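In the form deposited without guanosine-5'-diphosphate (GDP), a lone chain appears below as structure tokens.
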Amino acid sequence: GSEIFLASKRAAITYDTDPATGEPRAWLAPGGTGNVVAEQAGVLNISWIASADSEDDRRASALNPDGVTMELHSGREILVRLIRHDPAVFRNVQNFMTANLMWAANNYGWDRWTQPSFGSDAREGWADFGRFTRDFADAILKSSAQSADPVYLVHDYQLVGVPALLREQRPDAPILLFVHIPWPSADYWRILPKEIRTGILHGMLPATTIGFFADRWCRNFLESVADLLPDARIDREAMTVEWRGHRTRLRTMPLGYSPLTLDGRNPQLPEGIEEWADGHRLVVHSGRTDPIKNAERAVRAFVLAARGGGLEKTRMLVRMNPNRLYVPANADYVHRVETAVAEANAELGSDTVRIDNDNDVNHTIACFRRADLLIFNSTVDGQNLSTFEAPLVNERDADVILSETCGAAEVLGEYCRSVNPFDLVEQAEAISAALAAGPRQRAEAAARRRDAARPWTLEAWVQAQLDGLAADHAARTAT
């Protein structure tokens, strides 16, 4: 029975009061990473360490400084420990991780010719990231102090520094790090200031295992190590690094969907959509308000298809989920999509293209169900879960257009229409071909697409992390 210590940027807890008693209740959201790890066979117990990020989290951390045991179905439980960071330090780290800085680095946002220009803001942000990393590492070790053989699972890019700090005090422990975003080519990674570009690698490499959603991101990480650490040796075949007596294994562990979040339900469309869409084939683009989601280019590609004819009774819905609209890149992305939709309507006719904004999961699934064509054309994406979710719930045999730069394309690309997300002509040709295809062709393609998507569950991805780490840990011990 492994004693598991999970760390992530957030443990999503719902705070409320009981409908009968009025008593405050605090309960873990179902489908959390910690929830799933707790159900696996070889797990004796589990703790979840994460940041306090709301006035309710701060209060729960201050009242239970060593963490709260929370119940789960089937009599299981998880000890949840939340960290109160220094508010200015935390706020500064949150800024550092947005498109203002590190989000642009891993997600390919800089032109090099005009951006970026690192100033003193970059140095202070890196200093705040070191303080934040120590906070986590202190908390994690403190939580596992009584444990003879703790197993460390570290999640999210914000925690890339933690493994070195863990390994410092726990030399023989299994430590997995999972990174949910892309890793950029070596020439791109090195845009970053020298202390950051080497400093993040030094934080990551002491892990037993480092996981990414795709092989490309593993390859790019390895190239960055070779380029920046003259001391290190990589092996592109075995997906390993040897550096300063640390051996590290790189693994690809794809993730598709949570069977819970779709489950069994039939939900309604957002207000006005069903009526607006009636009598028309519907192309749907869906994603958060982040420039990588690429809706601007999807609408321009739609207009180019339409100029070729055949789209007279076809409409397009751009579903956008508002997120971090305070980041100038994000507000600029909404502004640019708005401009394209306006220009599209003025050319092809009023109400051909509509934006619909919310963060309601139910509305998103209903839009995946209504769709006659689905477009997931991100400029880059660590994986993109929507590309597994939508075809799994759509019963219209909708084809899918998938960008070759999403981590999902490594698994689904052969079953979708794969495109270069920067090429409007190729994307327009793909939309027209998909709308011209027969009902039988689409039906047979959708069945194959679903069979390819179905195995990649949340529970399977967790099992892969534990299995992979156990094997890597045995290898690291024997070498």
Contents of the next structure:
2 protein chains.
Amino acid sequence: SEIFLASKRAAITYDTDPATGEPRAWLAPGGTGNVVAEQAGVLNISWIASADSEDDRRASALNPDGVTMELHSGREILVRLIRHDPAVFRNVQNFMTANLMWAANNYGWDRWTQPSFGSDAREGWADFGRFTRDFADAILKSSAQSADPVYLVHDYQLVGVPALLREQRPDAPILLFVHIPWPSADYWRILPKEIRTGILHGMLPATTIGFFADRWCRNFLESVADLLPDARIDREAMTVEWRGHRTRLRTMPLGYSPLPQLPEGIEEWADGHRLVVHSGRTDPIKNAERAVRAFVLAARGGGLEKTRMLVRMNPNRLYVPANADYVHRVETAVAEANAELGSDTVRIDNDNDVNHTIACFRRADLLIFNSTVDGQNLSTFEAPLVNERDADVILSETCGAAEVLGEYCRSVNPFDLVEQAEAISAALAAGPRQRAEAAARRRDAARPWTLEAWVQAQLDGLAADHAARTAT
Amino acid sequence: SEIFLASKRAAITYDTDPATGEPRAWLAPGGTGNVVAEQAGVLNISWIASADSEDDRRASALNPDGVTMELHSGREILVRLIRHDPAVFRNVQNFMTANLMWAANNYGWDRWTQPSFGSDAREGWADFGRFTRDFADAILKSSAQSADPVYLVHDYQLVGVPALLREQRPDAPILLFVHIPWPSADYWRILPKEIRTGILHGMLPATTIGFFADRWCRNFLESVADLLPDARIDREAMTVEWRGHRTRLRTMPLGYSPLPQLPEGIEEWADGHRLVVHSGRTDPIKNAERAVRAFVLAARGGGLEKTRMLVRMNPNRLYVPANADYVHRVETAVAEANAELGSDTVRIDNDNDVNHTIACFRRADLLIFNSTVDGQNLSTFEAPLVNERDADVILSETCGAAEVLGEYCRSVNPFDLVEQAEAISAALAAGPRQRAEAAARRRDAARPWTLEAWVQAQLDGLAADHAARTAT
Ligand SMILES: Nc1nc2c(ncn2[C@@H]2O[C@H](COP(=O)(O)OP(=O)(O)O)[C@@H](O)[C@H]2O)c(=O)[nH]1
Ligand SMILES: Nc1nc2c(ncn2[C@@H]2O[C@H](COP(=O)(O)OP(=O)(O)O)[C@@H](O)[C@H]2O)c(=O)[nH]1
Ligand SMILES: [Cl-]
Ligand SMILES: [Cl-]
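If the structure you just shared is the form deposited without guanosine-5'-diphosphate (GDP), then what does the corresponding form deposited with guanosine-5'-diphosphate (GDP) bound look like?
Let us now look at the entire complex, which starts with that chain.
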């Protein structure tokens, strides 16, 4: 079985050997390609992604057809980076941020005042076409010798790719996985006509479309039914038929990859106190502002003396106005929490260190993952799995993760400050035994959903859907 | 057949007789009750609504059981106004504005930043319950003598009423009509748990729930399926079964009621120019800001010389921040349109004269009803029916009206400025013959949807659903 994996980025580490000083390049561990390469059915794999750095650009120019990279067990993966036109790639990246598509799939628009699509939306869509073509060409090039290529297409940026693959390769298995939500039909069609229909056209020729959650699958089907009068959907079978394409929709949850010190000052600042931890990158969906306001409402209700709150953020796309504004709104809430509850009750630690975040998970006496919406949210699996304080988890009901862990957490409406405040109070009032037992159940529910099982689900699902599509 | 009609307001005109000077109270023509009273099946009718004025309060106190009011043809209707506790009433009215429920059903929230429900949402919901109880009691009291009462409950404010009527009258036909949209399940859900489920609990005991549009019916069914695990929906039959209640959903479109001078300065200002007219009350859903920006994009494109634009607004609930902000955003756009295109290219006429609005409809060379969303939008039926300039209509695809007239207008995504600009230019470029022919088809499509046909649809639909509910 010859695998061709496309994703937006292939995590490649660039450095010099500490002994020789020679340039070396190596794949990061836990990479999707790495895991796929270890599966039993896989004879070989190539990984196609975008050059997004100067090192990537250089590497791509050095090895245009791709560079073979070694893995443990003597396994190898052919990694090919694509050098897009910079202005195009640059524009497509802004098309993918909360300036457009991110707001579209992650529910960022109020409709009354935003959005208002101008000529920029048309240019962005044109550029997205050129970007999609670049990927399709690279992927087909890489797989030109292969008799029965299997295509795995990951990431929202590559939604246009399946249709182009299918045009050249009518009988190939093609899986598209989308890692973010799919919005309601009424919300999806906020997008300009050529975008709202063109993205569906790009996706449907896949054999299999996977999302992290049932809700996303249903929303996707409703979008298809709403916009594509030629399309026939079946909500029980989770299938679309459209211009002879039969597409199967699947839910394939992911939880975590099985693969330290707290940030400076945090351990002493937190000592002698119960610690509420909210963690997520600097993205408005992570909902930290509301978490802080809820924490304040809870503290007004008392019992929350000797309780502090940490807002751990990983800076990301701060150049996008919605992101910078989110951080600004969070700072405001934190400043106001401190003013009201007393100094240093709430801290933000905003910083990119995965290890610091895991230490925060371990230290927490209460974990809050109260996203406005989330495609899945892996942090809510990771955190209970490493936490050794029997911390309760408050989980928003709109995280894809809630479909798996909702029953084992305090599931909340992420927009209700009162409901969230009451959950904070109850979580902190709960006794050691009750928390110990609930934590154990939570860890049991989270444990099975590993990166490897999720990869196996993709391969198995695609195989079954490939047989079905062939028969029909 | 003894009809009991409940709505939020019964339009009553209070004055003195110009000859005698004696106090006069008379039902406004074209009221819903008036029309229902004229239907063939109807033996008598009572109308229950809220006292919302000093005159109403006084009239209610004078005739607590209700006052018989004469209609043409010697028909009469018993009109009973309810005196609610003022603080409860005042708070329920704010619950019903864009501060809460209006944003819920008319898609006003971005989720990332709004809303954040606090204790006010809980108090608002408590007050809503007291208000709902007031209406149910008054309705039951008015109909206490009736052997087989038929209940027609109109307006969103009365969504809680059917359940209370059903508790006391298990076998009565009850229709609830909702005049505004129903949002996608993911969006409805934003609401606090006790509200999002409590409202469904209140509505479902109706025999029949009507909306102006299919899309609303579907979104309602999805909301039920999403939140009420006990409920069984059928999307083809348009039914819900829940706790022994069988509820039928129906689409019952309304267009217009079959029943002058332009505002000061408008005729002369508009003379020698083609006139683009956008009309709607001061509510963010009417989308005038975007209409103006689109007009500007179109005028940049040229051909739009000797073209002016009127933004006709009817001031409503200006005390609501969303509404005042909308008017503010519209002024800003108009000011900027003039600065760019030349002085006095665009005018706002903001003012409650309904005859004036009709004159604007008649004068228009192009009509724009580009709502972000609209329960139905009757203006888009009225305007082509009175227009005598063969004006094209630009209609948002998110108005319930688009399900009936969409094919006969220029249907647009209300969030796409470019698409809307291109429709403005094409509509103004089109020749007299093509417009004359399109206007005639438009008027033919609009004409059948009268107030009376809509009332007949309700009675017929309810009757059929009552038989069905009885059998099952
Ligand atoms: N690079 C980096 N990753 C982090 C940091 N903190 C947490 N993470 C990881 O980033 C991932 C976040 O994924 P998820 O919770 O699904 O939210 P997402 O960011 O929307 O994918 C988790 O695997 C976290 O363990 C950090 O400071 N830096
Ligand atoms: N009272 C009043 N009514 C108006 C005015 N202008 C238009 N109307 C009428 O108000 C109604 C507007 O209804 P519709 O277009 O469905 O939008 P709605 O305002 O959301 O109900 C139409 O019947 C118009 O003819 C005005 O200035 N004052
Ligand atoms: Cl929606
Ligand atoms: Cl939605």
